[PDB]
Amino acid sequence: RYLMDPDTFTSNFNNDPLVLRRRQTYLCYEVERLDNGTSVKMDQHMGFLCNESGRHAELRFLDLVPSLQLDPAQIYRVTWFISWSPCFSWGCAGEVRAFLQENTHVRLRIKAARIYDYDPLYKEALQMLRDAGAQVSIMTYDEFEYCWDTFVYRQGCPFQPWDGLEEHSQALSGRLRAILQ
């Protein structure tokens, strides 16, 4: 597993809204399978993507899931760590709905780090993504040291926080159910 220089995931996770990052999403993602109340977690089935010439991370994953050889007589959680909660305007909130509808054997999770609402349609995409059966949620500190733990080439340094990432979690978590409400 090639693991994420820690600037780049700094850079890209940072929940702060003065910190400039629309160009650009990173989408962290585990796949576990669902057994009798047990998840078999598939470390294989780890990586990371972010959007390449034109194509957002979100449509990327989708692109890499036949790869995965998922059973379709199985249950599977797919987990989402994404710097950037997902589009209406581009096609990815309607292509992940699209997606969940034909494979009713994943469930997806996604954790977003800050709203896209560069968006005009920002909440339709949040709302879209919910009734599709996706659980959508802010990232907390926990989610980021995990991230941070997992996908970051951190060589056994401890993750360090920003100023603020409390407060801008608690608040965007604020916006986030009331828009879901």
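Between two forms, the rigid core is defined as the largest C-alpha subset superposing within 1.5 Å. Positions refer to the first chain, counted from 1. First, how it differs from the form deposited in another entry.
Positional change of residue 157 between these two forms stays under 2 Å at the C-alpha, relative to the superposed core.
If you fit the rigid core between these two forms, you'll see the Cα of residue 76 move by less than 2 angstroms.
Once both forms are overlaid on the rigid core, the distance between the two CA positions of residue 99 between these two forms is under 2 angstroms.
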Second form
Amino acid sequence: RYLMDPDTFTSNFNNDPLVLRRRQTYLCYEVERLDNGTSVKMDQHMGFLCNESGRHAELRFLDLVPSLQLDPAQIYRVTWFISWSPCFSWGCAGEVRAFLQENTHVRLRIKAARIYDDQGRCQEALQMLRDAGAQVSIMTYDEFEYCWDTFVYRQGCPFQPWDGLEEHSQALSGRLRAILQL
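Based on the form deposited in one PDB entry presented above, generate the structure block for the form deposited in another entry.
No partners, no molecules, just the chain.
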């Protein structure tokens, strides 16, 4: 798989709530087959995507699913590590819902660096993802470091957290959990 530039990772996955860049979403993905009590991952089922000319990363992932050649008789967990509020863009949650309804052999996990609580459409997109069966949670230090170790061209250098990473993660998590509470 192609590995992400490290400054691109740090700039986009920064979870500082006071920084609200309005351009890009990065989505690191992995597909795991769940079988016999373990998880089986293929390097060819791993990589990252960004928004490209108005087509958002989430939809670009849906676009590549046929190329993954998933066995409909098996169970897969798809994990997204996404740098922006999932399905922020218009109509995105509805397209993910349709995909999940048409592919019941796929379970979607979404780990988000942040969310965008607008007490409106972007907040409702989060509930739509949950209602469609996705498991949505906030990235913690564990996920940021895993993404650094796994998807980034790091040259063996260790993950260096930014100031406030944990404080920001816990605050965002509290809000996401309130939004998705049942």
